[PDB]
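Heads up, the chain below is alone and in the form deposited without the ligand; it's given as structure tokens.
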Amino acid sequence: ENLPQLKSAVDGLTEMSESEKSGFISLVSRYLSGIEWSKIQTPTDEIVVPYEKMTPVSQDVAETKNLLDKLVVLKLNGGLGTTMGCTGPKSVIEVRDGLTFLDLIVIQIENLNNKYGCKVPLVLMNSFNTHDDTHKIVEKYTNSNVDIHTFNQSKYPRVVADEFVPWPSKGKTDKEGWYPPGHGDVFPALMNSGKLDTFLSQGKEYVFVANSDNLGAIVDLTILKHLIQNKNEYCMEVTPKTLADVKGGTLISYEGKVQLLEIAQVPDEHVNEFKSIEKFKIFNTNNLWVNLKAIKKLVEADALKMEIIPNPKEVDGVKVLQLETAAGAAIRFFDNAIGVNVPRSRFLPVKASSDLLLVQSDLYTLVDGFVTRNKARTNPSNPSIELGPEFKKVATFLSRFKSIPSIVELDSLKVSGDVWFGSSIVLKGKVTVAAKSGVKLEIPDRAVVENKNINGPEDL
């Protein structure tokens, strides 16, 4: 509690840079100091521009090329693969045809630079959990036609919840004593790293930020052209909420400003209202387009005061607090800030096993680096896929599917218990496989499983 005792402890932490100490103290200050639901307003086409209403690029190529000379592409790469049972950066999990997320990213940018003769740089924002591994991995791209920059974001101390002291101040100085404080940190870190000023000197004007695991976040020149023509200093890509997205962060008007609103800022009495997709119709994809000169101005001015997100964790039986911020929450600080409501093709996340099943099946293919949806697929929606904990770890997932089944005509798959799948299986309509406790169920090679429940070996 209070300020200067915490500040003294933090200044004691010789692992932290001066900019890190100051940044962390600033978060703690605002968190300890402190959205009225009734003052919230639903957005309109004046805040959220439909992607269709935007003016397409003209057939004139030199225009496309002038747009691309101003662009820097940034991928958020601070997350480990441990949620999916893998060591190393999440971005080095193989997504399809043997290629990692990062492989696809390098290939896309290389092909942009080929198609158009531009020199679009890639930058990866790493964390202390991914920085060294990433540094070694990216050597593989040495001869690739893309300049790849990396920088490490901030490293803040986990705070012991009960005592409110930095955990490293109590001797917990190994990796478990610290955390990367969210992707909101991308802004000060891009500044603190020196990279922002670099890109500035070269006449770059915009950065396109996206999660390294969103397969849909490809350079879109309609969006960028709009920002230049309308002087929008920030643009969030949003997409309509389906029932799968009810908890997603959304864009509102609040005290005269476009703002991101997340469930955390929403009172208990109001969460059900928040979750209504007729009320709040769109959600943040984390595909963000931001003006570089505006970042520099706002970071230098100490203007970016995003909502603090507690994120408490229990680590080795010690409850800690991890104060973090979100990159989309910065939207309220930028001049002429907007959302662009985009097709869901631009939001294809891999967060679990079930998403790999999506993108590794015949429902998609690699075309020139792009995870391209099968044209045969009649329904504009992807099948719903649910798997038990048996399928959580990627390697176990891959072993439980002798080959990935065809899902091109699938509507829905649910799998529970100890289930194994043979090769060349085809899945259609609504499929359920449910192995009871103590039972292992194996689905034979070349099975066609169609609008059917499988609750035992007695379902052939």
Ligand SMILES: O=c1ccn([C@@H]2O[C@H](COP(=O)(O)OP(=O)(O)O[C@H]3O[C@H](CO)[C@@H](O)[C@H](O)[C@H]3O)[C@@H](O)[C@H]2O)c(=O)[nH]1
The other form holds:
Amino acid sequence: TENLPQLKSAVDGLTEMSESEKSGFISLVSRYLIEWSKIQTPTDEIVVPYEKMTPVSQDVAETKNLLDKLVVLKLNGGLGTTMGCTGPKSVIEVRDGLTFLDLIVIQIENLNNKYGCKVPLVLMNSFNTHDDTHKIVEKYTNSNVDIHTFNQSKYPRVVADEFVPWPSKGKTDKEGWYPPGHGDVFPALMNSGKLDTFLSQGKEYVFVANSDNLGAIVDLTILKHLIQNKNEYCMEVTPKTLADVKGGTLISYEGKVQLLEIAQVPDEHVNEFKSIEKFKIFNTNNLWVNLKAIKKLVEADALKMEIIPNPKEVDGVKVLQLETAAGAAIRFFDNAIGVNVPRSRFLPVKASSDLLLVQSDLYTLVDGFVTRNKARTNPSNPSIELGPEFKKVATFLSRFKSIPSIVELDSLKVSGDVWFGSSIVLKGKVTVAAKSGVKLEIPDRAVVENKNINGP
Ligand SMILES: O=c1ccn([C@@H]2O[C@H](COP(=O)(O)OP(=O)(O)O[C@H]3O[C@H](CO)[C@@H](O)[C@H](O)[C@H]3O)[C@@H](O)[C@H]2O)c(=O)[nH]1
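Having displayed the form deposited without the ligand, please output the structure of the form solved in complex with the ligand.
Zooming out: every chain and molecule, the one shown earlier first.
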């Protein structure tokens, strides 16, 4: 529906929304209420190859000067629900009993203890993760890193049929609201005052990343490039692969580079994105942004990102949750670029199949970094697919007495009730399928190479 003044009225009726939230929400709604025959590929001048960038000098002074201007920030608004875990997704243990946050903290600690810098870490969480995060972060109280947190905007989900805020019908508990996407990082950094708290200290850029992307580590070649070339925004993209279905690509449109996402794509064109031909790059959501520019553009209300409707059905009630993507803000910044980086900077962990990959001998932890085995000569990881039986992390761990060796694996598909013993080795293309009513136990020490195991 589209009665806007009617919508504003109800929004102001919702007392728990702060004034700044009511405003930002109404602006989104207002704007809510793609000539494919023009889409272009960005030139190499706009999307710079990382290998062409100049590394820092041997004098640590240059490193300290750059680090003294930096603030690191992570995206932590999500829960561990997909992987059968309660709490923030960042607090799931990924490698060696260390959580995603623990590894990110170690990494920055290693930076601060290494260079004598005091780069601060900022966590942007959601109401669906704030208090739990608040509790966990205290563990790092004496760590050599200042951990800052803040909550991004809390907006009312909108009932789609009648177009009114769900809280107005009385859905005022947690399921009545939602965080408006990571694009909200810009106004929320302002609303939180952290931006002004960092500007009063000297920071100039924020490195933004998904909390569950293990490949998102600080890269000095990239930070250097933005400083010397005055790039106010840099989006790390990676070559698009068959695995990259759900996400965005960077495109040139109207002579500027911009994120292209599914809502903007005409019906008769959805598989071309999926292709490996038309679009050859894919956003990793590792974003580098200039802080003064964020302040300037948020206060001027310039960040007009495309809306992502994300519809859901809760308790039966079909609702709409309008959101935005951080990468879509790239078209509003000056001298903005994409940098095409190797997939080692893009290791998302979204299912227990990814944990199998990261807990196996394909990787090891090195000073807080999940480091790929170099004995793996072929860059690509093995494709791993596990049935629902492996969905909950605890059940996944119960089903692998030890994580099997997969350095020599091309692909593993597991289905049905399957339990694995310790010290197993898997090579090539492997499948294990237990039929209904059957439980399959892979004994300890088994070597499975290019085999289809369909029963005892
Ligand atoms: O309201 C929200 C929405 C998400 N997140 C966090 O944002 C991160 C990214 O979200 P996620 O759903 O994992 O990914 P998408 O938003 O689908 O994609 C992002 O990340 C992909 C790289 O993994 C890029 O290709 C896409 O351009 C970029 O939008 C996660 O850590 C979330 O915790 C928030 O902080 N707040």
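We call the rigid core whatever largest set of C-alpha positions still superposes within 1.5 Å between the two forms. Positions refer to the first chain, counted from 1.
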| query | finding |
| --- | --- |
| Which one of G248, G88, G369, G177, by Cα shift of 2 Å or more between the two forms, core superposed | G248 |
| Core superposition result - C-alpha of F24, shift between the two forms, Å | 0.8 |
